[PDB]
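Taking the form deposited without this ligand, here's one chain by itself in structure tokens.
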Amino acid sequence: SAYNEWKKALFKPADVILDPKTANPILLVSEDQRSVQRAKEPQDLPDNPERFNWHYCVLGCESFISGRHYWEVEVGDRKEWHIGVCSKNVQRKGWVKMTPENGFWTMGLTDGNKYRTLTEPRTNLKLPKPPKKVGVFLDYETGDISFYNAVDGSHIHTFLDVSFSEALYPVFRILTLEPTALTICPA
């Protein structure tokens, strides 16, 4: 397909590894550091400055300050998940609303069938097919963050013409307890 054949020609495939130091204590990062799951109760971890202590979020290890990049995330049959990018300088301690104004550019799924972009106010997305694998695409220069169905190459959503200045991290959020993990596809 055009999506599969062109993605690497236009965007550098990012090797995204989850950073355990950033993960909310209720989250578990897999040994290979590609997958995240949720625990029933928060685990005993230090409250280091890099760690999200309220939001059930985890970041990638590396940030982006220029260029075109992409990564793909297997969401599978999960009924809840949110993914995208956030500023290096987001508030990690306490609560702030996950919005572009607060340095979060994310979309995802809640309650099995409610697809949303986490704008302010939130925008409901109408998708003909439920995505099982999502491609996250960053063009730092043009200020575009795009989301695609990584199987059929269909468009999900684009944050357009954002004035980037700070470094951007891949960000992942899961709120629910379910049998399927959220998994990054390797380069």
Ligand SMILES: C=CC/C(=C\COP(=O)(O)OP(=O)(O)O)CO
The other form holds:
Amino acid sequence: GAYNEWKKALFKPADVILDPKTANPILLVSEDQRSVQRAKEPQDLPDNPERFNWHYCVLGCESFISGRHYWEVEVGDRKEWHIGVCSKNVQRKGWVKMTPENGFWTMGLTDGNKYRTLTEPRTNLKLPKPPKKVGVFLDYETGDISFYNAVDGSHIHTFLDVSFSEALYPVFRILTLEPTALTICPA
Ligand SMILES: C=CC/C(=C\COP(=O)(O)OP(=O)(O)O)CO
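Would you generate the structure of this protein in the form solved in complex with this ligand, following the form deposited without this ligand above?
Now the full complex is given, and it begins with the chain already shown.
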């Protein structure tokens, strides 16, 4: 459909690979750096400045300061996941609420069937069909971050008219221990 035929004409396909130096020590990044899982217990890793030490987050390796970009994430049958973008300068040490005011523009799924945007306060989304693959779209200049069901092209949510000033990274968060990983589709 139009989603597949037009996406690359409007947005540059980003080749997103996960940065293991950023990942909370309870997360495992796959060898190909496209997939993340959770461990039962935190692994023994350095508390280097780029690493999230409280939130169960990991970033892409590259950030964006201009332009239109997109990437796609296979969420599959996971019961919990959150994805989107965040500012380079978010607080990675200690707790902050993941909200736009704190530099995070994310949405996702909790408790198997509760879709939300991570706003303040959180907003519930009503999705006709549960997505298995989600497209994340950034237009830096217009300030729009938009999420689509990447199989049927349906709209999930858009953060409108944000005034970005910092570089933006893809961000991924998983809280639960489940058999299915969260995985980036290669460009
Ligand atoms: C270690 C805390 C669990 C965690 C996130 C939960 O944060 P939260 O209670 O503010 O909930 P929410 O961000 O609304 O899902 C790791 O990213």
